[PDB]
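Q: Read off the chains here:
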Amino acid sequence: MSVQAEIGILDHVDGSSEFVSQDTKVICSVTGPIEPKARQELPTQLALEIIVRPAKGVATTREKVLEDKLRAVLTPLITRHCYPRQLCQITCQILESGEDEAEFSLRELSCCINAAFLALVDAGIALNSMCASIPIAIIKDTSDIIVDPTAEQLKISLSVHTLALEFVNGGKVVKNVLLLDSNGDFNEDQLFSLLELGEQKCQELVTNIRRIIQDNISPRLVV
Amino acid sequence: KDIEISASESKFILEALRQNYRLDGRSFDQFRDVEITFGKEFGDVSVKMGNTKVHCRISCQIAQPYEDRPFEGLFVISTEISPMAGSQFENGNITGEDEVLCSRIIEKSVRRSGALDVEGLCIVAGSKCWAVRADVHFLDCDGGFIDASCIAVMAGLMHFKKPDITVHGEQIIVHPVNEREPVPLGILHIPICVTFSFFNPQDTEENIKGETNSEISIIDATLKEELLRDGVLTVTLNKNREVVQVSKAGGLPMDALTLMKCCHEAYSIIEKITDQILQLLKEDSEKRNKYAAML
Amino acid sequence: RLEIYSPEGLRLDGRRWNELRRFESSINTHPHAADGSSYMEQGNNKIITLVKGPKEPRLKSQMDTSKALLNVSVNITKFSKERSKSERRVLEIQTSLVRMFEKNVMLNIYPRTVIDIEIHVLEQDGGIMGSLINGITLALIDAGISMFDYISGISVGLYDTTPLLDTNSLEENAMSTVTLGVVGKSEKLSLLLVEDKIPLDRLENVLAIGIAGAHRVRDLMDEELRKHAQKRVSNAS
Amino acid sequence: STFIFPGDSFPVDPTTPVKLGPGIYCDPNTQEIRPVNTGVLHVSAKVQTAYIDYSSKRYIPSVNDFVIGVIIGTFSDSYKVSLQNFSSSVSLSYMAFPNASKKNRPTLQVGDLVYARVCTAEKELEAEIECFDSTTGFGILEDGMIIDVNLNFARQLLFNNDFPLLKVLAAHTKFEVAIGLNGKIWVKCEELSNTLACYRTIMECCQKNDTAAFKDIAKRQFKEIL
Amino acid sequence: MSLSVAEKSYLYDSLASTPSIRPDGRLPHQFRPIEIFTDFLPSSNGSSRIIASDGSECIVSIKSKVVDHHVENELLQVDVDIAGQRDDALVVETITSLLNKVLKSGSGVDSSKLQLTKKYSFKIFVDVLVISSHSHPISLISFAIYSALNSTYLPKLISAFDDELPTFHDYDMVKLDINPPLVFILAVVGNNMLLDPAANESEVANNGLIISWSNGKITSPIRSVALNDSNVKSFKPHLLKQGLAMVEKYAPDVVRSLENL
Amino acid sequence: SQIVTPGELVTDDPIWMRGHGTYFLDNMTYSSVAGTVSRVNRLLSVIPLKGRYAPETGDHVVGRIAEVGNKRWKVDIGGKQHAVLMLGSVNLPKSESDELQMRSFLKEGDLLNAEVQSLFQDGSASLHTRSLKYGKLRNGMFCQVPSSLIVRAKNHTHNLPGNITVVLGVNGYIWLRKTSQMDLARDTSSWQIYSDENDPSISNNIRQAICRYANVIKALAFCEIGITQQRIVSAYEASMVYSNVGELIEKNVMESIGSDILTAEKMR
Amino acid sequence: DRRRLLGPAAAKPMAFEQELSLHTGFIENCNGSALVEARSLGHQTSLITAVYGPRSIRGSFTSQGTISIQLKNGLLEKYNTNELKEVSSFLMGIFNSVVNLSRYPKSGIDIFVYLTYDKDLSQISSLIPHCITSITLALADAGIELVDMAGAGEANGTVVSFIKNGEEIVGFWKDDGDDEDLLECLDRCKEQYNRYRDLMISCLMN
Amino acid sequence: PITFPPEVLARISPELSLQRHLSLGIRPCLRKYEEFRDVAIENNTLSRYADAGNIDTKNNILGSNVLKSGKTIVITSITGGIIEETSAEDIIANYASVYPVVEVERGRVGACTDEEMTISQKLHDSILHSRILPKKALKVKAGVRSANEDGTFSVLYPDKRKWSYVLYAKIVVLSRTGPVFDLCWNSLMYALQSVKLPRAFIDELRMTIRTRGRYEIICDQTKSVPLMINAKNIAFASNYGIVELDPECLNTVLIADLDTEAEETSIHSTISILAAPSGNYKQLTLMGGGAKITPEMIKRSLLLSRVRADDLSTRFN
Ligand SMILES: [Cl-]
Ligand SMILES: [Cl-]
Ligand SMILES: [Mg+2]
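Protein chains in written order, with PDB author numbering: chain h, 1 to 223; chain e, 3 to 297; chain f, 3 to 83, 85 to 89, 94 to 244; chain k, 2 to 47, 52 to 141, 146 to 235; chain i, 1 to 163, 168 to 265; chain l, 52 to 144, 151 to 245, 276 to 355; chain j, 5 to 20, 43 to 147, 163 to 247; chain g, 14 to 101, 121 to 191, 206 to 250, 255 to 264, 272 to 306, 326 to 393.
Just so you know, the hints here were simulated from the structure itself, not pulled from any lab data.
You may find that some hints are simply not true.
Stated by the list, open to error - Restraint ranges, calculated between C-beta atoms of paired labels, are given here:
# : chain 1 : residue 1 : chain 2 : residue 2 : range
1 : f       : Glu94     : k       : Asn109    : 53 to 61 Å
2 : e       : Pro184    : f       : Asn115    : 22 to 30 Å
3 : k       : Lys20     : g       : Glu20     : 56 to 64 Å
4 : l       : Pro287    : j       : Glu225    : 54 to 62 Å
5 : j       : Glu225    : g       : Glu20     : 48 to 56 Å
6 : j       : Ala13     : k       : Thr220    : 33 to 41 Å
7 : j       : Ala13     : k       : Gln114    : 52 to 60 Å
8 : l       : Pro287    : i       : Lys245    : 47 to 55 Å
Here a beta-carbon is modelled for each residue, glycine too, at the ideal position from N, C-alpha and C.
Okay, chain h solo, but in the shape it has when bound:
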């Protein structure tokens, strides 16, 4: 689809990014590697402190689950063994949810994944591969698989899915499925039609993410 993003917007963190998919908007900060707390210390590899803040109100367990799912995507993306006994602060501040927060959170999760990835890119932390996340929904009576669904489409969605894939070799090889979070009523035949079209639009996003990363980092360096 069409997404807009920025890189390096905050001054007091090692990496920052802003990601906007339709109406969802997340700003993300990354600080690492830094000295970890005693409770957080890991001898062999890097420890991650992942924080997600809601667009309204204080943090509830709803964001604690988004923090857990976000960790599931980011942890295999970071070359943690390069920074033994260190800490990384990935903080996500959701600005506009782009969805009815009462019922849905997949747009925020998919945007936090991309924003966290971009902020980790801006922070210069070792990454094994690339990553892109898309939200998908299957609409009620039409039974169509709408990639990057609007907030109005989600209201009449019978199932909602977040797909985040691990990309390698110029964003053309799918190294793994980092997270697939499916919720609602669906069958096996629907699921694989979803994963097929989802991988296609995911491959479109890394190609767009590669373009945005290059437009932001290339003027910073010398050729």
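Put chains e, f, k, i, l, j and g with the ligands on the given structure of chain h with help from the hints.
A: For chains e, f, k, i, l, j and g with the ligands alone, coordinates are given in the frame of chain h:
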């Protein structure tokens, strides 16, 4: 986690203040330029002061008024800190020294002052009223969190518009924005916070018993200036020549008249800021009516 | 019947605008519970202040090699008001009192130690922040802890144009109030607290009356302190 | 010099002997040489040295790097030094000074600025710096002002002699500069008005990343000081 | 309270000796002197302040409130606040639960004495504050509560007993003549019982007893409390009968000592 | 002697040596505490009316072991800070094996007798027990009075009638014990000097006399009378009027004992 | 509470001899567990105990162990928080004189008693003896040294815990009840003690 | 080489303990690759409506379930609540949920762990998204209580303020050996089917002025209605793991129902499924931290989840 300041840096910045120099090129009485950005939704406002960045989000839900104040709506402000503004902040410690003080200042400046007309939030006298909420997100810290929050909250409350509601006795029908247009909030006054940072170029003995007071005062300190200051004073005013609240909790003892001249100093600034906020709102409204003609 | 400020110039208790409340202080009130102690009776207020230290900290982690650690704990008892069953506001009082006496107590000359202050408010009736300040100043001096000067607390309300020195609970709920913490006999303010709206032009007059009343409180405290010392050295003679 | 993303196919062939620099990672499991940082991949000609130039602000201690630290603690045999806020501390031994002896300990106190070189930078150990030359300008940096700068701007200022920042600054004032590869640049002049004018110019030049704007920025900043 | 094992072993041998040698020459039934002050909180219906010989201090405030006794089951409520102890700390919760049982509207205290109309009665808020403590303060608190409830005065009723809300006289006031209980704590050191155990005595005691007392008789609650954790050991049943007889014999002396107003 | 309070000007003369309880700005020298002005040679100082025990070199102190560290003990002396007792400053009953099993001599909570050997920069004391009179305390009971009542004197371990010996710590920490044979040698084998066992022959008469001495020491402190060897024995002999030692705890009895000592010294 | 899902705040809650069965060693995370299910003609009670320890306390010079007993209202929240901590205090007093604490220095032992069923066909007095039965069983399964088999009985508000075949008392509890009942109460409580002690020993053997 | 006994290798390296077991063809929990733990259920045991006659007046639990799968014991109790409504198809907006509080009893005592919190939210979110509980099923059919004859009060229910029920769940977990969400969900599913909603009524003024000096909904102590959940949407939980076989200790295996420290710590490719018997799948969670999740593992996990859901609903009539 602590911010280590080198001895060469502590001496240079303080010696530059004695030479009437500020690192960011400002003067001692110069408040930073306030940049206010409005989002697509009403109540989405982003304030910037040099490098300091804050964001506020106004929201409202229908709730029941307290039995003690049955003709009154509800209003609360949230200012939880996150490591995004800098690794110096612990994740959501709402009990730290600076976190508690700064929160009580914003509460006393906006909530306690009655800047929001809580009587207009009341829907029906016995039950049903509006419960407004102002959430502040500190994105980037370069000092002046108190002053930035006060501007962000007020700009949000004024920009915010609550949805129109029609009551059928006990039936409260909350109309969506597509059905009927929303109505704005009632603002009784616009309080603005100006924070003075004090620097003692001499000893503590010359401050308690000294004849000539030599303490340096600057307005709206940066992060480096804030970390080196010996005292702080947060004063809140509105264009009605009202001192909304003043907070000088401990620190470097200051001459009373010096603090009084700070209050009068700040009134010149809160006039510039109040008129600036109202102008950016008028410009934002004219932009939406220009797209209403194109639609 | 009563009035807030009658036309003849009399308040609810019968005081004039520049009249203090009945001020009575005591020193060495809990020798078997703290190094220094003070019992504050400013009007209806009743405050116990206990200073423990300077002493060795309990956890060697929480210890400063360069200066003493100052901790203030204010306990407002359940029977202080007309009982309520119901925090963030008491936290503000504590950190403010710490920030005040941080710059007054010579913590630099008591390194690797900890000074714990333990306050119990037995009865509350307006201007409790100023009375808390007075209780700490006396209790620290009773503990023999070095400090630069006295710090006196006072509250002043603004009725139309007339400042009302030393406000009680009803006067605080009726008009705006200013709370002052004045260093010794000077014009330096350790604490300035304007808790509600005051017109910018009428505020200087309020401050002037507050500083003057605080100086009277300082002399009243000093007077009681010298009396205790003179009674101590006369009994031992 | 081509742009490379993490997980992309590495162009260099295993038949060529290569020394790996920053940005390239060798898998302990698969033994494949793959990139982990996003930037420009530079490869030498003839023994080929390959690395990736990537943007970063958090310094990681590596050997043979010039760094500026601040003493934050005195221990039994070494100094606890901080090269960057929130980062892990660094050890500076008392014997790591010129003409060092067991009879004379260094006179540094907590808070002093020290210019040193990284000697041992083990990933699983505390990094260490030294104030003596490894092959035989280090020591205390008295007074002055320290400037925060991104690591790419600091590497370009120390190794690229075509970087105009040092030339346009000498053309305005006489100044003493110490360049650290950890993002800290120390400047000191005769007058405070000149040191502050150098701070403001280095701060603004670090933000633009455009080399062709250094001369115009310096001209307006020293004009504002006057 | 820290003691060397040479201190503890010397103390235990002296206390468990026949006859018991207490570190202050006290008799096994002798009480330490205390200072009592009453009527110093004008905002309350009754107040008391007690200072033990070891420096322990306790303040009690009695406050009232008219309530419908048909919906208010408990017409007497104790709130314990021990200085330097969490409000949810075990010792606070235990003492709060214990004291509420000691008073409890129909057990130790006389519920009918709080009645005003056929529909309304007084609810008594007993607020305890322990400024300093060196041992189990349940006995110190009980004595302070006892002195406060005796010096308590309540407003005089005007409206009729049969039932609007009650109406009280503006000036005159009636004294509260409820019979408040007393809680005694005892130390079991060897084969000896000790009334009013001191700090160091409790540090070496094998076990302890909490015994309540009201209207001249032994009443509940009765507990076997552990005054420490190092030297806690079982006790023979005769020691339990001995401690109860000790309270029944010497508590009347404690009452008339406290009742001297 | 002049009574001053915090903030008061003590002298405008700058040709003075600034002592304790003072601070100054230019010629003006102010007081930091509420105390008495002391002028000694050229050292103007203010002696505070209150404050914890401040250790001085040579003080005979009684302390409780607070913690066991690296190669030293931290002892509770009753002052602002803990005092240190270096392993080299004790008579062991040196080997590197003993540096690990330090709890075999002094463990946490142990009571001991020591001398202040020196003071650190911060003011805390360094202790030593390199003598026969200093060591772990046993065969008795502890009790403490404020340090201001213990007058610094040539000797601080006195043998009292009834075969009881008192150790009057300058810090106010008193130890009463059974007069040992070593205590009798004080007029003009012991391998276990850190034994936690008490002499198992302490009679009930000796135990009862410890109580009587404990109560009269408490009574003298209750009257704020300076504790001396001559006053402890005078109170002990006077207290014999009361048959039971328990009677000595009441307020009227304590105030009587102290008054009878002061009025007796007025005659003497 | 932010760490929970408490639903809407505007919502208000809804206002409207003894056969024994013992098991041990059925919980895998702890050092020793026990299950006590007691069915009487007027009340049925089931509760599970878990003993974690001895677990070494970081930098502890304590010469003996430190017992902790937390009585939880595992699902059935029938009893008030005040009384549960009072019973926990009472339970800790008993077992602090039964566990050979000298054998576990610098460490600590934490005991948990989860109530899982309680229906009466306050009541906390009759609940104490079954906690003592379960804690003794769970401590034995955890391999903790016990000076004796601690058991107890209840009779008219009086709760007495015995050791040494009823020769000595390790805990005494009395709420409400009648006067001069002591002699008859110790008799009825010792009967339940022997009954529970026999079943407890028979449980650990078979 | 050097080999260690099984008791230490589990502690030395849980990664090897799994790989050593899988090299022998077995699992650390001693079950086969596609074998589940056996479950045993007790329903409505803690309910106040358990005994049809003697209804427990003190108890407030509307439904319960005790579940034992392997060594783990899970106990769930459903409590109730009523809120006053202040407001105006198969789409998500018309469906409600319950609010769980999960307590995973371990050797520690203190605040809610991230495990306890995430499970509580995961339970709430999946009961909503599976459309198990419709909002209409919680509307209160309220009655009225009037004083009949003269004294006795009679309650009349229909065959105006409006209310709605609120359901709360407390789930305690004993003997936790591995991932426990699936046990909590399955235990909550059995409990929700036993839930009975009590009937509510009101008797036949705060704003009115009063002279000096001078309402709510009440539950029935006996009468109750069944909770009308859409039984077709009830699902059952199963978890799976994809392990790559180490050549020393390329090839992968699929593991069903993860348990023990060895499996939970070392398996970083997990599959969580909520499947409704006879119906469709209600939730699918793929996490590819470890081995590549190929469509063959997905298709097999979907196949095993169906037969697991069919087994769990049928086994307990
Ligand atoms: Cl208050
Ligand atoms: Cl001591
Ligand atoms: Mg828990």
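Q: Determine which of the earlier numbered hints do not hold for this structure and return their numbers in increasing order.
A: 2, 3, 4, 6 and 8
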